[PDB]
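To start, I am sharing the structure in question, which I have written as structure tokens.
Only one protein chain is missing from this complex, and each of the others stays in its spot.
Letters A, B, C and D mark the chains as written, and numbering starts fresh at 1 in each.
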Amino acid sequence: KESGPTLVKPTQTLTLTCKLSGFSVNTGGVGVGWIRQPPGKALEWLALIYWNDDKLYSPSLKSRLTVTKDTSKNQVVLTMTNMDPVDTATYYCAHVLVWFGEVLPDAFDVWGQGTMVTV
Amino acid sequence: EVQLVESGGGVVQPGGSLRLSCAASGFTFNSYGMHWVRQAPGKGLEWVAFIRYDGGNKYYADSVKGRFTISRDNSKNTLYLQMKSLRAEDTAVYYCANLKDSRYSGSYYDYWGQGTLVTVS
Amino acid sequence: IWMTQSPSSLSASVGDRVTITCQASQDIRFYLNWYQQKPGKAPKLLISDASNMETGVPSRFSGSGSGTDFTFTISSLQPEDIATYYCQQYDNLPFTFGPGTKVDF
Amino acid sequence: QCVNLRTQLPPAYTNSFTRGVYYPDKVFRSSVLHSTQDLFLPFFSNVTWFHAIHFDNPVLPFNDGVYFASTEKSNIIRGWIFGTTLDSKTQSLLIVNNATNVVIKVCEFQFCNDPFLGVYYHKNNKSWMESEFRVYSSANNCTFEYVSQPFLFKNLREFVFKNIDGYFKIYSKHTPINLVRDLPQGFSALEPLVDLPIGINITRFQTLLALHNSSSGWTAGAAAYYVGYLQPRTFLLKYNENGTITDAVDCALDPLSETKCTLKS
Partner (left out) sequence: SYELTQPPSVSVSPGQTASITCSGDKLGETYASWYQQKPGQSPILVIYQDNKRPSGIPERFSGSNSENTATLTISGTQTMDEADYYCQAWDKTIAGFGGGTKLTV
């Protein structure tokens, strides 16, 4: 369940929080990813965080993205900096399935509801 | 593939002695304890002696205790039974065996030899 | 620990149900083996730990019991099942075998 | 849950050389020759060499303690089962590693005829994911539970399993090896890993592997392991300046070793 600010100015930093349930964020095999979807557009991957604190980011946005997790509240926090008007989108969080041999990503199965962000 | 072969049988006189042996192959002999069991003609099975895998602790049946000695050599995979002061009552076919035993031996498999006849006359 | 079996002998035809009783003078929980011996051959193990069937043993064979009273059963006697059956305890050393029950045709 | 799955081959043997030595206690010592009597793997003993995949994984005796070693990089070996009748009649000890942790339980387990863990592989051969747990059909009457971090050139892993006065003690060491199919000739002592206050009898044990389902049936990579047994022997342990054991003498090996132990050389 995504929550946070809905309206920000250009060149501002936005922080969004995903509240998870049914599992703990500290449980092995667990991961959480963030995806955005501009109005009328396809899904765009932002970043993901694994239970082992490892992280991956989309190269085109990595420089403006930070992902951390709260191990006490079972919450994941996404921060995006210097947002432009073109970054207006609905933000989603979802559970990330991961391979164990080599740490490769698989699929996003459990999704939130989506929070609309206007810059 | 698993074999146990007894030898050293024959005919002896009362008060005499006889050394029996059993050659083991096809399995990890030095990991298992071993038993001797005898069966007289027309009779049922009787347990004789048991030795642990390391050749340390030894156990005997009351009927042979003080007369028989059990031993083994793990470098040759050979089990031995040394019998002294043999009596007419000791006439029987002697088997070497690895009996299935979840308390003392820890054996999950049950193996038997062929049997060698010892006669006292 | 003294062992005994009953009956000392029995006879039955093919398809008959055969039961053999084994008793111990002491409580040996579930640490008893059942063996089948045919003339001229070494004994073969059929059942261990009172009721655990060995691999390769036909499903017609079964057994149960604990403490001082154990039972061995053949649900449908076959012509190849004519043998002497023994019970053996391995709860405490020295180990012993029972008298042996002879099953005829 | 359980799957019915076996050809047995005659055993192979290897030379243990001077391996299987471990720290007898937790007391720090340095620059000293210390004589101790404990259960150790006898020097130059014959160790049984098993090949899980030529397929069977036989139940072995525990005797008075077990030395276990393996050289595999595929993470096929996951754990061990220790107990007596290995069924619902008695309590059994189940030690199993998985993707992130190790779980140790003592329960009246009703184990499968040929227990294992199921996995499957990625499109490539460098990645895998868990499928199903197929070790036992049921478990009840649980008395002990413990959870911690995983226990598991080539990677050589060595373990020692002891059961004294109800305490199940595990020692371990992990080193690199540059041999194809043998044990290394050198010296390295094993360190304490975990001490479990369980209080049960162990007479037999079995190794648990992770198998995958192929078109030819359930199988695995070329997993293999070595099994030896401990004996009550006297060892002279050499502690260096930093308190690490760098050598040892088996006082029961021969007259020469007896002389060395007597003269503390």
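Rule of thumb we're sticking to: a residue touches a chain if its C-beta (ideal position, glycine included) is under 8 Å from a C-beta of that chain, and two chains touch if they have at least 3 such contacts.
K.L.:
Out of A:15, A:17 or A:58, which residue would touch the omitted chain in the full complex?
P.N.:
A:58
K.L.:
Looking beyond the chains shown, say which of A:24, A:81, A:113 or A:118 touches the absent one.
P.N.:
A:113
K.L.:
Residue by residue, what part of chain A touches the chain that was omitted?
P.N.:
42-45, 56, 58-60, 92, 94, 97, 104-109, 111-114
K.L.:
Given the full complex, what residues of chain D touch the hidden partner chain?
P.N.:
122-123
The rule is short, and it goes like this: only the chains that are shown with their structure count from here on.
K.L.:
What is the distance, in whole Å, between the centres of chain B and chain C, each centre taken as the mean of its C-alpha atoms?
P.N.:
23
K.L.:
Whole-Å distance, chain C centre to chain D centre, using C-alpha means?
P.N.:
That pair's centroid distance is 37 Å.
K.L.:
Got the chain A residues that touch at least 2 other chains?
P.N.:
none
K.L.:
Residues of chain B that touch two or more other chains: which are they?
P.N.:
Each of 102-104 in chain B touches at least two other chains.
K.L.:
Where on chain D is chain C touching in the complex?
P.N.:
Residue list for chain D touching chain C: 85, 87, 89.
K.L.:
For chain C, which residues count as touching chain D in their complex?
P.N.:
Those residues of chain C that touch chain D are 30, 49, 52.
K.L.:
Within the complex, which stretch of chain A touches chain D?
P.N.:
It is residues 28-29, 51, 99-102, 104, 106 of chain A that touch chain D.
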